[PDB]
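Consider the single chain below, provided in structure tokens and representing the form deposited without this ligand.
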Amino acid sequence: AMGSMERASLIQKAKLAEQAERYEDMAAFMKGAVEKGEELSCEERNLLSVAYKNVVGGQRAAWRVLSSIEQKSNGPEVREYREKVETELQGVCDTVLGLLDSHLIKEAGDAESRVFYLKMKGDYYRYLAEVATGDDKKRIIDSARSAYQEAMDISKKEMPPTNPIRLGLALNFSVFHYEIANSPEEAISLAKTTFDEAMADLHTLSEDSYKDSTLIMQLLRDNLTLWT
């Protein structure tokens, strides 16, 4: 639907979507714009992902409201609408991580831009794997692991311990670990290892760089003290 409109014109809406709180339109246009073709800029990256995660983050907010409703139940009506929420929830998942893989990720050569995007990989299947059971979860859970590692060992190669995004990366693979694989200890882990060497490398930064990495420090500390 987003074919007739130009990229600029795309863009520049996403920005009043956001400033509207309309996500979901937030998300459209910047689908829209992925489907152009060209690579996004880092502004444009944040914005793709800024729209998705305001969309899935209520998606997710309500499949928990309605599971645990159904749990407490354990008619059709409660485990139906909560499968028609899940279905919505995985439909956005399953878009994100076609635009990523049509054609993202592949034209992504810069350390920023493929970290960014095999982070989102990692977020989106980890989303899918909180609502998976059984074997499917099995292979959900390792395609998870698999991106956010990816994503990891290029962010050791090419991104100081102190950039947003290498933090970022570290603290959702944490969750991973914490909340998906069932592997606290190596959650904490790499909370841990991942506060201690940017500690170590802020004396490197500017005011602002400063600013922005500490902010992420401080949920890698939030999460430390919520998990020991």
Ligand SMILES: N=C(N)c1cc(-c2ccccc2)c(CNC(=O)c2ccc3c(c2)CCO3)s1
Second form
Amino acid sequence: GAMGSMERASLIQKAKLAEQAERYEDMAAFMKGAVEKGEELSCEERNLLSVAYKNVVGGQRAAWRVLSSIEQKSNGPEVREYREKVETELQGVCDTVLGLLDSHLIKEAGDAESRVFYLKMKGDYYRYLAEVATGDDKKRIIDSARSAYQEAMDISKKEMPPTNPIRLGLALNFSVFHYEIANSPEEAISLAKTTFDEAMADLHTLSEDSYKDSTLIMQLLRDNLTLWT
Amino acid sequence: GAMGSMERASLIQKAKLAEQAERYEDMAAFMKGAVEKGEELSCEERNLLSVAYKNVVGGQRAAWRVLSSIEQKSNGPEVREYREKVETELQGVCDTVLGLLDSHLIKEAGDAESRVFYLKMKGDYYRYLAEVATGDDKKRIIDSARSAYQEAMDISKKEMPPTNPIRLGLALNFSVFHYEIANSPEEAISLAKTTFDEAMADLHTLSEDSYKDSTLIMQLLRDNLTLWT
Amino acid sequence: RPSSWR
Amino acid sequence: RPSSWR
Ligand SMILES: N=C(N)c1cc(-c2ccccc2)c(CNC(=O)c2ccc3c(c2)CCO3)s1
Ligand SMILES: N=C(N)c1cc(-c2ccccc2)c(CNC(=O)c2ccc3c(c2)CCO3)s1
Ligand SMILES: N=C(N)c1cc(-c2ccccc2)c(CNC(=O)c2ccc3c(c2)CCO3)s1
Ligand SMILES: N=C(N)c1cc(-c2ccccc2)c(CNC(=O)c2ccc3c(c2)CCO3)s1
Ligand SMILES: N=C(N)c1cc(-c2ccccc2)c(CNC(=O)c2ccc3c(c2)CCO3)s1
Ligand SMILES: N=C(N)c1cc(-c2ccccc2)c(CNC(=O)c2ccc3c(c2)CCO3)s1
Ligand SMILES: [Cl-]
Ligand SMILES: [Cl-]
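Now the other one: the form solved in complex with this ligand, given that the block above is the form deposited without this ligand.
Every component of the complex follows; first up is the chain already shown.
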């Protein structure tokens, strides 16, 4: 890999610089290089990985939606061709992230905090594949997302408090999966509501700073429930 | 070139799609391909070329400024290395644009409208090279920017009205060159002020739509004069 | 579209 | 920084 010659510490340092510079493709390439060194990612480093690829794939998803809308409106080959180009690039990014998780972040994740984080990511990047998938490939991809999300949920409920921000962000995203991908809006509402209520009932245990962490994601659960009910 | 197999019309169509999708690197690659077909660019197509590369180099310049500030504050090799990486990428983009202008947009620009547009671009991309240049290379680059800007100004004053938006945007950018690059703030103020006043005195000749085009750039001249005086 | 955590 | 036309 092109980052194979760079020190792990230098890659992490440059990922943080790339974030400051809003250079998210660079950030992701640096974090890919860091992962491929084969050592643990810290909590901070996991967040750097997630930030980098979420920004990369976010730009791709937004472009894909614009082109897909134009394509649907028009129903020459150019719109389809360019949508397919963006789609292929998006799928490649998701494949890369899933490859890092499977080789070997997840199996080497030696506690619940780290394993839940990576399994949430697995669900997210299968979800992004599902958004652009069609037909029978779509069904298998949807099942892979659900399975990863569900395993993360099982661990998080056993090992993390209901206000833990990774647990909350996992539940938020699994609820979006249910509503937008799985045509299960009732499941989506049930999950967002129980997650919100159980976080609220646990806020009394938190410091001012942890309170701010948890209420930030609670806000997003509330916004979805307001959209859905 | 990688766009050599695609029809000119398809490249222009896809440049417009890439703009809608905020995919400016794609947009620039499509417009590079269109230029390299060797035919005229229309007014619309020149604007597409300019939009694409201005967005690409704008992201690079913003990143460079962030990294350069961090580098100066710190005065390991990582900050310098990553600044140099962004800088090299920025210089490559400027070299590409300048190469399209020199081979052969400018010489084939068979009227004043098109030649002024391309000479303004030549000044702009030499200016962006000057921003990151040091020492004696910097002096030659500064002279190349001034020379391109001045030739565009000479033609625009002879052949375009003082409210023409390309003429106004040229004067705006040459004034910025004087202030920021050439350490000639008096020249910058003199140019922005004469350009603004002579545009205002010509507004009475314009339709409602041309009036809006011209006053948009006049706003930017005013903002700079307010900063500088 | 609904909000997700990023 | 001053404004330029883009
Ligand atoms: N380089 C990054 N981007 C991150 C680095 C870390 C980190 C740093 C040191 C130790 C452990 C983790 C992050 C985790 N914290 C958040 O994500 C977060 C917290 C509060 C908050 C928001 C986001 C949005 C508004 O309010 S993110
Ligand atoms: N056990 C916990 N509650 C946490 C422990 C740490 C930690 C671990 C090691 C070193 C330093 C800090 C956290 C850092 N904060 C996050 O990672 C975070 C992630 C996503 C997010 C938010 C915060 C707020 C909004 O969304 S949180
Ligand atoms: N299908 C459901 N479960 C719901 C049905 C209704 C309802 C019932 C009768 C009349 C009108 C509306 C609900 C009311 N809305 C909320 O209760 C709500 C609750 C908690 C919460 C947020 C919103 C955001 C953050 O946390 S919810
Ligand atoms: N695809 C693009 N981006 C462009 C296409 C054209 C064009 C289209 C058809 C014929 C000739 C030129 C442009 C020229 N018009 C402007 O640049 C412009 C006009 C008014 C205005 C602003 C910008 C900012 C706010 O008010 S830009
Ligand atoms: N002779 C003129 N006054 C113009 C003629 C044309 C044209 C030519 C051929 C076909 C269709 C239209 C113009 C299109 N508009 C621009 O190209 C433009 C560029 C930059 C800019 C603005 C506008 C406003 C803010 O900054 S303007
Ligand atoms: N060094 C110069 N030439 C100037 C010196 C002064 C000044 C002189 C004495 C006292 C205070 C200020 C100027 C006043 N400011 C403007 O006149 C101004 C004019 C036109 C205009 C804009 C701003 C924006 C758009 O168009 S300008
Ligand atoms: Cl394409
Ligand atoms: Cl580097």
